[PDB]
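Visitor: As a plain string of letters, each chain reads:
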Amino acid sequence: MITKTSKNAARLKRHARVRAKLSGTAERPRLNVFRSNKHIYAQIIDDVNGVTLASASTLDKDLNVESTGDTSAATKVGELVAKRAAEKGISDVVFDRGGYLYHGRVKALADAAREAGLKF
Amino acid sequence: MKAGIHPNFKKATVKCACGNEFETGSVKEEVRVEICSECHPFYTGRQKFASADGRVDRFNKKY
Amino acid sequence: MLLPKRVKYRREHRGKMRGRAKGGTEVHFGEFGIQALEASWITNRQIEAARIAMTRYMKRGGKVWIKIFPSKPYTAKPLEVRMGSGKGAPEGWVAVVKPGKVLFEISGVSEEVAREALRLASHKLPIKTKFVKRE
Amino acid sequence: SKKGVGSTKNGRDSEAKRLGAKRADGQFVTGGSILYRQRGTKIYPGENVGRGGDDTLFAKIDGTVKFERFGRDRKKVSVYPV
Amino acid sequence: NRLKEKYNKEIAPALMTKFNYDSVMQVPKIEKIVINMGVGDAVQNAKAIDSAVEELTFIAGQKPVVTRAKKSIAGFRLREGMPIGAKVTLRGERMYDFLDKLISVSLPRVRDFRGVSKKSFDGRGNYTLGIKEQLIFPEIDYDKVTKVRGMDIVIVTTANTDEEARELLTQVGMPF
Amino acid sequence: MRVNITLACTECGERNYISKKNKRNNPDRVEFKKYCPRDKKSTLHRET
RNA sequence: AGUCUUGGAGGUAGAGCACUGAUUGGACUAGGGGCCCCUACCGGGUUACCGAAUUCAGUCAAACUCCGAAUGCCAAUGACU
RNA sequence: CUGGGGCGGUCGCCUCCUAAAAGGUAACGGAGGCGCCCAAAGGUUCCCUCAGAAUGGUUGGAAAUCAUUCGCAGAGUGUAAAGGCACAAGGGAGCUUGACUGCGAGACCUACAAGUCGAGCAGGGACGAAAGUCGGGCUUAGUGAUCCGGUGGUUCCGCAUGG
RNA sequence: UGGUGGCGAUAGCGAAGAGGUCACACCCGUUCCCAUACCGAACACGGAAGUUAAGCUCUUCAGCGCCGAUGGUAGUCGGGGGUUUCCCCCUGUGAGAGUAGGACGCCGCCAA
RNA sequence: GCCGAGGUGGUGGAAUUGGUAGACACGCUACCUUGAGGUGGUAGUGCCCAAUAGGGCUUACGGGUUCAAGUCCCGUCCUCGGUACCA
RNA sequence: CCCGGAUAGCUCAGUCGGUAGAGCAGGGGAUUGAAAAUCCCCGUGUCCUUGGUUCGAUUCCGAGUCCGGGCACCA
Numbered sequence: 001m002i003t004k005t006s007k008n009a010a011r012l013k014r015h016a017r018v019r020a021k022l023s024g025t026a027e028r029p030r031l032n033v034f035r036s037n038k039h040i041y042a043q044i045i046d047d048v049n050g051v052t053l054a055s056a057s058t059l060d061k062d063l064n065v066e067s068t069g070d071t072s073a074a075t076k077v078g079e080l081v082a083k084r085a086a087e088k089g090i091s092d093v094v095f096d097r098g099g100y101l102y103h104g105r106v107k108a109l110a111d112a113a114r115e116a117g118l119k120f
Numbered sequence: 001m002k003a004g005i006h007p008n009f010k011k012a013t014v015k016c017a018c019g020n021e022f023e024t025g026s027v028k029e030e031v032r033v034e035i036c037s038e039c040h041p042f043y044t045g046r047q048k049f050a051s052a053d054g055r056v057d058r059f060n061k062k063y
Numbered sequence: 001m002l003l004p005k006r007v008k009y010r011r012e013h014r015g016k017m018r019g020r021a022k023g024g025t026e027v028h029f030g031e032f033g034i035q036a037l038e039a040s041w042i043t044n045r046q047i048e049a050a051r052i053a054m055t056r057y058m059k060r061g062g063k064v065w066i067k068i069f070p071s072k073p074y075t076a077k078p079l080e081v082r083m084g085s086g087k088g089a090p091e092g093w094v095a096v097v098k099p100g101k102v103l104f105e106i107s108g109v110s111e112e113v114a115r116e117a118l119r120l121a122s123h124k125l126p127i128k129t130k131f132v133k134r135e
Numbered sequence: 011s012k013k014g015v016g017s018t019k020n021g022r023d024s025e026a027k028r029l030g031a032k033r034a035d036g037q038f039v040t041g042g043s044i045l046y047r048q049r050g051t052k053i054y055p056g057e058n059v060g061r062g063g064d065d066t067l068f069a070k071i072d073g074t075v076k077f078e079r080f081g082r083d084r085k086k087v088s089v090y091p092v
Numbered sequence: 002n003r004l005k006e007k008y009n010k011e012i013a014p015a016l017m018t019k020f021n022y023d024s025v026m027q028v029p030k031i032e033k034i035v036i037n038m039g040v041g042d043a044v045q046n047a048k049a050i051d052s053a054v055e056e057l058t059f060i061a062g063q064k065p066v067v068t069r070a071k072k073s074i075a076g077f078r079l080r081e082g083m084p085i086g087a088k089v090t091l092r093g094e095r096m097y098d099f100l101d102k103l104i105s106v107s108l109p110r111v112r113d114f115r116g117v118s119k120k121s122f123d124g125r126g127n128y129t130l131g132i133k134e135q136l137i138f139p140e141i142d143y144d145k146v147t148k149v150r151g152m153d154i155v156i157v158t159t160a161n162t163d164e165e166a167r168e169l170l171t172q173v174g175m176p177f
Numbered sequence: 001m002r003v004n005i006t007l008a009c010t011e012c013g014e015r016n017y018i019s020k021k022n023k024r025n026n027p028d029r030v031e032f033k034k035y036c037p038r039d040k041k042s043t044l045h046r047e048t
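Chains as they are written, first to last, in the authors' numbering: chain O, 1 to 120; chain Z, 1 to 63; chain M, 1 to 135; chain V, 11 to 92; chain F, 2 to 177; chain 2, 1 to 48.
Hints listed in this document are in silico derivations from the structure and should not be mistaken for laboratory results.
Warning: the hint list may mix true and false statements.
To be verified - As a list, the in silico DSS-like pairs of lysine-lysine whose alpha-carbon atoms are at most 27 angstroms apart: (1) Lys38 (chain O) <-> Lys21 (chain O); (2) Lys11 (chain Z) <-> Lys5 (chain F); (3) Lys48 (chain F) <-> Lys30 (chain F); (4) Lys7 (chain F) <-> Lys11 (chain Z); (5) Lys10 (chain Z) <-> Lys7 (chain F); (6) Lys13 (chain O) <-> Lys12 (chain V); (7) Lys83 (chain O) <-> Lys7 (chain O); (8) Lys5 (chain M) <-> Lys19 (chain V); (9) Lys13 (chain O) <-> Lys52 (chain V); (10) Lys98 (chain M) <-> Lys59 (chain M); (11) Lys72 (chain M) <-> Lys19 (chain V); (12) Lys16 (chain M) <-> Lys59 (chain M); (13) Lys38 (chain O) <-> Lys19 (chain F); (14) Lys41 (chain 2) <-> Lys21 (chain 2); (15) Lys119 (chain F) <-> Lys28 (chain Z); (16) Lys48 (chain F) <-> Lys5 (chain F); (17) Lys12 (chain V) <-> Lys77 (chain M); (18) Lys61 (chain O) <-> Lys13 (chain O); (19) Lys88 (chain F) <-> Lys28 (chain Z); (20) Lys64 (chain F) <-> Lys28 (chain Z); (21) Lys19 (chain V) <-> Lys21 (chain O); (22) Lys23 (chain 2) <-> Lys41 (chain 2); (23) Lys10 (chain Z) <-> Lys71 (chain F); (24) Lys10 (chain Z) <-> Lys120 (chain F); (25) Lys2 (chain Z) <-> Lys5 (chain F).
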């Protein structure tokens with residue numbers, strides 16, 4: 001009768017701590033990261049209007065890889081979302097470690113965003 | 001797995017005195033057993049001795 | 001003496017007796033009850049003399065169902081003491097009784113008993129009474 | 011004659027620090043002035059108001075002041091510019 | 002390693018048809034094994050705590066943890082803090098191998114072991130082992146045994162009901 | 001216990017800081033780094 | 001300044017018993033002794049001998065609030081005197 | 001001070017109730033605190049529930065410790081109380097000392113003196129990848145005028161000028 | 001269908017089912033970064049055998065929780081009066097409780 | 001009436017400091033000594049169960065606070081020391 | 001501001017560099033038709049802690065608590 005919670009709600013409790021003191025304002029969007037077990041996701045959200053700005057993922061028909069969950073897969077999408085942030089060239093964003101640590105592939109996304117030219 | 005805290009883990013060759021050879025992974029390498037479970041007679045269904053011995057007296061007329 | 005066992009405060013302000021009863025406005029746990037018609041304080045002394053005269057007349061009580069309870073205490077000073085210098089020690093007890101409050105009940109005994117039963121307790125209270133049946 | 015009674019034991023009181031509303035609703039309120047004093051955060055700071063170290067309410071900006079709610083049973087100071 | 006292949010290939014298909022669960026995900030597992038020590042010697046002897054601080058590590062090499070009682074108890078003459086017993090938590094591969102030590106080796110060294118307590122389940126599917134003597138397996142080394150305190154073992158399963166955890170331990174080989 | 005403590009500089013020689021300590025908790029001499037206004041920078045400090 | 005206007009802040013009077021305490025009555029009962037039986041304080045039966053919890057209805061408050069008026073006060077906003 | 005003084009009790013602070021749904025208001029009117037304490041009980045970083053109950057169980061018993069459910073709360077909040085707080089202010093770990101100097105438009109309070117509140121600015125920091133926070137502690141108590149002499153640093157004067 | 005917001009649980013529990021190719025999830029392992037006061041439980045790292053049971057959504061229902069009238073009443077600003085620990089009458093205001101009812105989701109944004 | 005102190009094994013009396021004792025003396029209790037006494041000498045000795053171990057119960061009583069309370073805080077009751085004055 | 005007391009269980013002494021000393025008590029001894037009071041025996045001590053001089057040094061300077069006697073500041 002062991003009952004553990006979902007990982008998503010466990011992510012939600014620690015994502016809600018982050019949401020209390022930084023939000024997606026105008027020209028400081030909430031650049032979020034979702035971390036499904038077979039992919040990875042990225043959204044650029046303005047929380048004032050509730051409008052997503054730019055989004056890409058490993059679940060994208062262009063520039064795909066074999067692993068789809070590697071830290072090198074995060075390096076690919078970590079600049080393409082920033083290329084979408086160069087497409088809509090605002091380039092200035094408060095980073096969201098959204099419900100996860102600043103350890104691994106989350107760090108690889110943000111560093112690829114820094115190297116592509118997002119200003120943290 | 002913290003190093004410097006856990007003692008080692010080695011594949012044990014547990015042997016019983018009646019020949020029951022058994023395999024675990026433990027700290028000690030060789031385990032030699034007088035009576036294992038397969039040597040223990042309660043695991044062998046009814047044990048031979050105390051199942052036949054646990055009777056009450058037959059109000060003993062015999063003498 | 002229906003004494004409360006352990007009270008948060010020894011002494012309270014004396015309160016103002018305006019309004020109807022909040023609850024206890026109709027007899028329902030018995031069939032022959034007694035609503036008060038005025039409002040004053042009622043003591044444990046005014047329940048001991050009440051409850052004794054209930055069962056001396058009935059001679060075999062079903063139940064009594066004393067509704068009110070002396071919640072609020074009251075104080076006075078020791079005698080011949082000038083004003084001020086502290087609220088006095090608690091002395092007796094007070095059941096706070098609004099008008100129209102069901103005081104007692106009678107369980108399953110006939111009317112001619114009950115018309116004479118609550119009569120013999122009405123002269124132990126400082127309040128005018130009336131006789132109310134179960135509805 | 012008189013029987014001398016003493017034993018007060020309760021004759022003290024603090025002086026109250028002056029809580030309550032200070033700036034009214036809809037009032038044009040300049041920056042950095044206080045809105046409300048409270049022991050324990052009853053009314054949270056909302057938009058353009060921070061929570062003080064002594065958990066009072068102080069307006070970051072200029073303009074008018076409103077009091078909306080935080081939904082269930084909880085209040086808020088909202089301050090808007092012009 | 003021996004019991005997992007036994008559990009996966011033999012035990013799990015056996016109980017699955019026995020109670021007609023609709024998936025392998027509904028087939029119950031036995032996840033973690035937690036072992037309490039709980040010695041109240043620290044009121045009298047703080048050095049007696051060090052016995053089974055060192056000794057329980059020899060049972061399973063995952064070192065137990067200081068368990069401080071979270072309420073001061075004057076009836077036991079005990080303040081809050083003040084470590085009481087140790088906690089061996091064990092989940093994973095070696096734990097079925099720990100169960101391999103339990104059934105096959107340990108239990109015949111209980112010097113009057115019989116059909117063990119049937120009705121010692123919590124009404125959920127979890128089980129406790131009543132052990133009062135620690136000399137159960139040939140590591141114990143009697144000459145290095147000054148403390149005579151036994152050991153308390155908890156069985157934690159994923160059993161949604163209780164009376165098939167009854168039938169789980171039988172297919173595992175728990176004697177009754 | 002509770003003693004009023006001066007927390008002077010090291011390289012300059014001005015006091016600039018007074019706080020308190022606890023006797024059983026800190027019987028010895030304590031040190032910190034703070035901001036001396038003569039040194040105009042963050043600098044190690046020392047109890048007298 | 002007054003009135004009308006919309007906007008609040010605030011927890012009394014009242015009311016409620018959901019927290020806090022107090023307290024009525026029934027059903028029910030862990031458990032507890034007791035008539036005590038069989039009898040190693042051990043094997044179990046038993047009562048209106050009590051009874052925690054338990055829920056059913058029931059009241060009660062200056063220092064009980066899930067509630068909550070009239071007014072009174074700070075307002076903005078125009079209008080009139 | 002004083003429901004005539006006497007003796008007895010009290011004298012300032014902090015919280016509650018009286019207080020009359022803003023603030024304030026007295027009584028020798030009702031209830032309890034304080035003259036601290038903390039080098040982590042602060043700073044950030046990241047982490048995660050609690051109280052009992054119910055079971056299952058060596059010693060273990062009403063009550064140590066283990067699981068195990070049901071539990072937005074009954075606990076825990078360095079400490080009285082009210083007001084909050086289960087997005088932490090509750091609970092851990094790491095690193096560190098912002099328990100920073102110069103300030104501060106603006107207000108609340110107020111007879112005065114005091115007491116409060118704070119955006120933001122600078123110099124230098126700590127923590128974190130960053131954004132950002134940090135001008136002591138969950139807020140409100142934890143103590144007092146000046147005169148006075150002691151104490152360390154002082155592009156200050158120094159009685160003709162130099163000291 | 002997923003990701004992510006706002007809206008007083010009308011978004012709640014609670015029970016009854018359905019769905020999964022991808023999706024999302026459990027699920028499979030620690031060689032590595034990192035880790036649990038003890039551990040791959042979680043956190044990290046990577047993998048994709050089978051798995052719709054759990055969560056996840058999709059449906060039904062009012063059993064609790066929640067929302068909430070109308071009608072009248074309590075109390076009551078002012079106006080007077082009477083037997084004055086309280087109480088009546090008028091103009092005006094007007095709850096709680098109790099129901100009638102509503103409701104077991106709405107509105108955005110991006111991906112497929 | 002108000003304050004000030006203090007309520008105990010069979011008895012008198014210390015423990016009045018924060019951690020548990022119910023000192024120490026005198027009883028009392030069996031034995032030793034004397035022909036039997038008193039005396040003297042060892043052994044225990046607070047109450048109640050367990051011949052043992054142990055547990056319960058408690059420092060007037062009642063309630064709080066504490067992990068704790070002979071003591072800390074408060075109500076009742078008893079008994080001492082001090083006061084109950086001015087016309 | 002000066003001066004007085006820091007050891008054996010306790011009360012106390014005590015060297016100019018090389019170490020453990022009384023009394024009471026504890027433990028026993030004999031003594032005595034018993035009993036104290038005497039009469040012996042061993043007992044037990046980092047001589048307060050930390051550094052220094054020096055071959056190590058209660059010894060003895062470099063560094064400090066707490067109890068008593070006073071001169072005398074105290075807004």
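Visitor: State for each hint whether it applies.
Guide: Taking the hints in turn, this is what the structure says about them:
At roughly 30 angstroms between alpha-carbon atoms, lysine 38 (chain O) and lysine 21 (chain O) are farther apart than 27 angstroms, so this suggested pair is violated. The hinted pair formed by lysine 11 (chain Z) and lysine 5 (chain F) meets the criterion: a straight-line CA distance of about 15 angstroms does not exceed 27 angstroms. A C-alpha spacing of about 39 angstroms is found between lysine 48 (chain F) and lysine 30 (chain F), which places the hinted pair above 27 angstroms, so the restraint is violated. Distance hint between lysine 7 (chain F) and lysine 11 (chain Z) is fulfilled; the C-alpha atoms sit about 18 angstroms from each other, no more than 27 angstroms.
Taking the CA atoms of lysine 10 (chain Z) and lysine 7 (chain F), the gap is near 21 angstroms; set against the 27 angstroms cutoff, the hint holds. Restraint check for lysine 13 (chain O) and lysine 12 (chain V): not satisfied, since their Cα atoms lie roughly 72 angstroms apart, outside the 27 angstroms limit. Using a Cα cut-off of 27 angstroms, the hinted pair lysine 83 (chain O) and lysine 7 (chain O) is violated, with the two alpha carbons roughly 31 angstroms apart. Between the alpha carbons of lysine 5 (chain M) and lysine 19 (chain V) the distance comes to roughly 25 angstroms, so the proposed pair stays at or under 27 angstroms and holds.
With a C-alpha separation of about 24 angstroms, the suggested pairing of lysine 13 (chain O) with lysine 52 (chain V) holds against the 27 angstroms cut-off. For the given pair, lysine 98 (chain M) sits about 30 angstroms from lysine 59 (chain M) by alpha-carbon distance, which is inconsistent with the 27 angstroms threshold. Distance check on the hinted pair: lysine 72 (chain M) and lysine 19 (chain V) sit about 23 angstroms apart at the alpha-carbon level, within 27 angstroms; holds. With a C-alpha separation of about 39 angstroms, the suggested pair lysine 16 (chain M) and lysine 59 (chain M) falls outside the 27 angstroms cut-off, and the hint is violated.
The straight-line distance between the Cα atoms of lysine 38 (chain O) and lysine 19 (chain F) is roughly 35 angstroms, outside the 27 angstroms bound, and the hint therefore fails. Proximity of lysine 41 (chain 2) to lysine 21 (chain 2) is assessed by CA-CA distance (about 25 angstroms); at most 27 angstroms being required, the pair is judged to hold. Straight-line distance between C-alpha atoms of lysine 119 (chain F) and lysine 28 (chain Z) comes to about 33 angstroms, which puts the hinted pair past the 27 angstroms bound. For the given pair, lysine 48 (chain F) sits about 39 angstroms from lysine 5 (chain F) by alpha-carbon distance, which is inconsistent with the 27 angstroms threshold.
Pair hint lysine 12 (chain V) plus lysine 77 (chain M) holds up; C-alpha atoms about 13 angstroms apart against a cutoff of 27 angstroms. Distance restraint check for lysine 61 (chain O) and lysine 13 (chain O): the Cα-Cα separation of roughly 32 angstroms exceeds the 27 angstroms cut-off, and the hinted pair is therefore not satisfied. For the proposed pair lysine 88 (chain F) and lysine 28 (chain Z), the alpha carbon gap of about 22 angstroms is at most 27 angstroms, so the pair holds. A hinted pair counts as satisfied when its Cα atoms are at most 27 angstroms apart, and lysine 64 (chain F) with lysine 28 (chain Z) qualifies at roughly 16 angstroms.
With a C-alpha separation of about 50 angstroms, the suggested pairing of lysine 19 (chain V) with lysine 21 (chain O) is violated against the 27 angstroms cut-off. The suggested pairing of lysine 23 (chain 2) with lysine 41 (chain 2) is violated, with an alpha-carbon distance near 30 angstroms, which exceeds 27 angstroms. Taking the CA atoms of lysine 10 (chain Z) and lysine 71 (chain F), the gap is near 37 angstroms; set against the 27 angstroms cutoff, the hint is violated. With a C-alpha separation of about 36 angstroms, the suggested pairing of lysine 10 (chain Z) with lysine 120 (chain F) is violated against the 27 angstroms cut-off.
Restraint check for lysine 2 (chain Z) and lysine 5 (chain F): the C-alpha separation of about 25 angstroms stays at or below 27 angstroms, so the hint holds.
When the structure is compared with the earlier hints, violations turn up for hints 1, 3, 6, 7, 10, 12, 13, 15, 16, 18, 21, 22, 23, 24 and for no others.
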